[PDB]
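The chain below stands alone, shown as structure tokens; this is the form solved without the named molecule.
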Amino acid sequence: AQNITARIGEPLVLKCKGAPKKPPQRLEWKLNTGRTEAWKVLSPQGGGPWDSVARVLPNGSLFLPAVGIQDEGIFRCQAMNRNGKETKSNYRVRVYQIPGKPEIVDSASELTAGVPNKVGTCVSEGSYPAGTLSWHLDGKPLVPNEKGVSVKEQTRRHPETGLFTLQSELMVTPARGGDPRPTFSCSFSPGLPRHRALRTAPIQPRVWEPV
């Protein structure tokens, strides 16, 4: 199966392989997507609510005016050149939606060495698939469980759209003697490596001194 990808809201056109470009042709589009109760077979004329979702073109190609999470699925076209010539096209469909730029909330202006502080919560909105969130300090990324470094993360799918919202709250115990003017950022690393990662603006709180 040939792997495929496109942006939600975008049109989609699947080429039927080995099939007459002009009608009438003998061919079958059978697919299973989030819009299907089972394998669904759409005909040359097609019919039903499916004409508003995915339709067969006079040239034998299947088409979707707007693709959505609901459409991730399997698409197979078994077609008849003339008779009995037969070739079968096979596609595997992943989709995606680029979320709004990441934001740190509840970020710290000041913080104190030797113990934990709330650095902030990096928050992404409107992503599919969900993807990952990471943090970095002055150019380099950070890992939990190492030298008092932890994370409280979560993911939530907006009911209407089906997209995702990821929260990541950063917390660290600053070494005493370190960088008093440190810069932190968060980055959204998408599930499908379609685009490069997106990074929040930095935060440069001031490390202060206990007694």
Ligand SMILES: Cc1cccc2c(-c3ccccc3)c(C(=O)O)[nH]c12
The other form holds:
Protein chains: 4
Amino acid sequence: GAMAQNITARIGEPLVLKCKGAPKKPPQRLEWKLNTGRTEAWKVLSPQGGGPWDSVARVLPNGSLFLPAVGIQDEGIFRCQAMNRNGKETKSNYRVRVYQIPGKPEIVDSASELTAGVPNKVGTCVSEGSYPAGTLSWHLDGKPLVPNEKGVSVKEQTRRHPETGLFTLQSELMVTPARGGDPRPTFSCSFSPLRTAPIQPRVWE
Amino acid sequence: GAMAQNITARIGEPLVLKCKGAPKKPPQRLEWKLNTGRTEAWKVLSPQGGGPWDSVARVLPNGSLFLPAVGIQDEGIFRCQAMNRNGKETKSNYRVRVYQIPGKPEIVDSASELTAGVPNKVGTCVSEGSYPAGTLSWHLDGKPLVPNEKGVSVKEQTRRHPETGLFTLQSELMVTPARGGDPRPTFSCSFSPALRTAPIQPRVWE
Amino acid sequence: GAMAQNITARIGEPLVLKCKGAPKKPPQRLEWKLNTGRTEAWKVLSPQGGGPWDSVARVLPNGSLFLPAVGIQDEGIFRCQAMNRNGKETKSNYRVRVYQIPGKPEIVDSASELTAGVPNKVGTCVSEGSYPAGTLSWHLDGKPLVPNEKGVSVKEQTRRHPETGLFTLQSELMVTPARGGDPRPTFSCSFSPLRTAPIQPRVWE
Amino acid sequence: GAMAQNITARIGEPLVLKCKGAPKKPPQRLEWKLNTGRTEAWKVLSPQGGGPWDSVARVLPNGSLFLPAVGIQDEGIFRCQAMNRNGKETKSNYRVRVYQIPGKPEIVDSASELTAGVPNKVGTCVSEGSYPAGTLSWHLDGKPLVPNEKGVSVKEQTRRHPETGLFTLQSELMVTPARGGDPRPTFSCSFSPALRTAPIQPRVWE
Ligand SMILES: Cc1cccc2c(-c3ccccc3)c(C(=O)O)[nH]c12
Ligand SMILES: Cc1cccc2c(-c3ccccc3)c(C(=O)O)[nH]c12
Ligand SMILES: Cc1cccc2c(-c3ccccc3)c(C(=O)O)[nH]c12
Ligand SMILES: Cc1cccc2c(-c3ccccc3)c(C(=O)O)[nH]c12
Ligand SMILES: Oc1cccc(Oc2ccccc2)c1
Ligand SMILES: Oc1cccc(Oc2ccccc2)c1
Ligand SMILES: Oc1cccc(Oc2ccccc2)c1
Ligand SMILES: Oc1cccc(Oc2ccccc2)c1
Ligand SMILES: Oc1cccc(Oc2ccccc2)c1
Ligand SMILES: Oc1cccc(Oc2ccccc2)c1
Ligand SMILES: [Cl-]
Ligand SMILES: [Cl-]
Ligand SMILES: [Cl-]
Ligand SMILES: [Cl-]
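Next up, the form solved in complex with the named molecule, please; the one we just looked at was the form solved without the named molecule.
Up next: the whole complex, starting with the chain shown before.
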């Protein structure tokens, strides 16, 4: 596309996009065009407004575009063209990316004992309400644990809320502990674009 | 994919999908899996149910899957696997395609007079509330008018309702009437995937 | 989107799109913009050309846009803006939809005998090389046969060529013939957006 | 979907996916199913193979699935079901995500002088050949520069190669230098999903 300002917009929150170069208040010669999950190619929005789009996005008195509560379908491109009192045309181009932060992840199941030298199910971590999905990461004593790296295995499931579209992640960690290591290791789970309480199992030689 | 029964489901209407080979009532060994606009790959649904999915699709006592009101996002694939009393497994595979019929199309503007031998704007037709979009067709004396036929030109605009996702179509017809033709032709507009407009009958000058 | 001319373009065939209002030959003040399966939002193409896009679409001397062989990814929107010798701006807007016609469908398996009053597998029809997929229809004595209509059952499979993206369809027809009907019915299969040879089984009362 | 091993596969490189629990060599009771950019829902692949798919993915003697050179359209889900000698079934489920690393980013234009207290165009950075697109980040004296921070503005353009589908990024940085700061700041550009540019060191006037 064209040169644009990247905007990250949280779902459920308002968004105001500036129409650069527009007169401070009406009358203004300006037009907004957007191409999002709600449109078939470009949709034109004018200061007059009207219709179904008045429930979604409206042009404010200062010419800015206002969305009262961003949704997944508002991802896309938003552009304004305005004329100033003289007659200079000014363009504003925005690439809008939407997101949602999940709740704190939690460990829903965990082993209290691990046996060194054999594979063990360490635990299951769940995260609810992210957009886009993201992924869950595991940590050992505060250091990242790399999946499928000869001893560490991670499997993950992604499910979508049928109405909101937000993602729930469920990740399972298996480890083969090395003999002669820490007997009370600390494991934790985090959401990769917060972190869980650490679980502290016992390891046997 | 696999061999499936094609199902067409109207938006807003209920849908019942049969789980072939399931026992008539509980207990039943059966499982539904669906992959639609609402899922990340396959979602498993069981007779027990529960959770957010109970507002969208639930397994009935006879093992069928029931959606109270189909939406655009229910397009996709729906499968059941069941075991009968004897113990034979039976699979059911459905490809669900969703649609909505628009209201009757309307002519929102039309010429009352056309001049033969020059291009004329005949009229504008609008259709609201289709899914998928479809297209608008023009007719002259009950015969189809083919766009871009050296004399017939058609332009069309498709807009999407920002909350329902249903389409509104707006089509403009221009024609160059041939000298020595019908002086009172009849034009009509139709929705193409009743649904035809009242005909307009302008006057043509030689 | 905006008011556009709908263009249907066959895959593998050239496409020429007119830039209305452009001067007949250079120099011309004109610009093409396209948004297709090949682009991230709008891509601008100029008469000078250059780069990777010269293998796909180029502006001709008369200002028209030329694609030597349309592919699936050329579906989308194509627009031109030009200035004439005076200075009138003219816009051209095209919505391009791509397709491919399959080969003649064929019956790959068929019953030679049907028993009235019970379900029978009548036959299997295959169509190769369509885009978009389309569907296969069955006919009895030249009349359409409606699927899942208490006596008629149709199942269909759609597969995609891994490299070309063209679709292969396979449809199976089952019928429960009505007692006291035609003893030598004629069935045929057709591609719905040609037709097969009719199969003519024998029916028993 | 279901519980799966996440696999990251570089475009143009081979990929081997293990069919867990399959016998080491034929005969094997196993089946692969994949749903990717190349398929309409699930495609079944067998050890026998054959057809157009033999140019893309084939089952090896040990039952693993092999793709000689991954492409963008191989993103998706790959599953195996096998039976061992005893007779136990084992399933393998993979979620395959494809990527490509761009070339080293470059500064294609830069200011040699900046004026404190006014907005200045610092430079333009370009990255070619990423998948998915990614983004370009700017740094000042090794610290991240946050866009739209009342004084820092960044605009970016993403273009797609019309035949390979790989992305080219172009990012422009503008800053309003604060009076009384470093007179020879160092700016650099980096690719964000080595891959950092040489730093530019303009002069700033008070
Ligand atoms: C490249 C670029 C950046 C910012 C705005 C625009 C507009 C536009 C937006 C609203 C109204 C009229 C024109 C256009 C166009 O459509 O030509 N291009 C733009
Ligand atoms: C090819 C085909 C047709 C109809 C149903 C299925 C199921 C299934 C559906 C629900 C529960 C368990 C299995 C599967 C599978 O997943 O193997 N394949 C199927
Ligand atoms: C609504 C409509 C119809 C046909 C062409 C255009 C262009 C355009 C195309 C190429 C170059 C410059 C402008 C624009 C725009 O971008 O404003 N809108 C258009
Ligand atoms: C949930 C899950 C994990 C891994 C493999 C499978 C298979 C499968 C794959 C290839 C062949 C036969 C079955 C199925 C199914 O289709 O039921 N479900 C699976
Ligand atoms: O929608 C509107 C409302 C008022 C004036 C207007 O005029 C412009 C058209 C295009 C670009 C800039 C200005 C457009
Ligand atoms: O975009 C919207 C959507 C709904 C209503 C609306 O009208 C307002 C007037 C004053 C304050 C806030 C909103 C504007
Ligand atoms: O035929 C099947 C296939 C898979 C599982 C199954 O067992 C279930 C019973 C109730 C609910 C969900 C699953 C029965
Ligand atoms: O790409 C080009 C090449 C030459 C002239 C030109 O000037 C225009 C810009 C936009 C619209 C119409 C004309 C654009
Ligand atoms: O769009 C293209 C693509 C490849 C080559 C090309 O150059 C030609 C010159 C003369 C005749 C035909 C083609 C134009
Ligand atoms: O474990 C399985 C699951 C499904 C089918 C199967 O039998 C096949 C043997 C060879 C090739 C394809 C299928 C074995
Ligand atoms: Cl899901
Ligand atoms: Cl729209
Ligand atoms: Cl397929
Ligand atoms: Cl592009």
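Heads up, when I say rigid core I mean the largest set of C-alphas that superpose within 1.5 Å between the two forms. Positions refer to the first chain, counted from 1. Shifts are known only where both forms have a C-alpha.
Checklist line | Core fit, then residue 45 C-alpha moves 2 Å or more between the two forms | finding: No, because once the rigid core is superposed, the C-alpha of residue 45 moves less than 2 Å between the two forms.
Notebook entry, point to check: Rigid core fitted, is the C-alpha displacement of residue 147 between the two forms 2 Å or more?
Noted result: Where the cores coincide, residue 147 still shows a C-alpha shift between the two forms that is 2 Å or more.
Next item on the list: After lining up the core, report the Cα displacement of residue 19 between the two forms in Å, one decimal place.
Entry: Core-aligned C-alpha shift comes out at 1.4 Å.
Notebook entry, point to check: After superposition on the rigid core, what is the displacement of the C-alpha atom of residue 83 between the two forms, in Å?
Noted result: With the cores aligned, its C-alpha sits 6.0 Å away.
Next item on the list: Superpose on the rigid core and then read off how far the CA of residue 132 has moved between the two forms, in Å.
Entry: Core-aligned C-alpha shift comes out at 2.4 Å.
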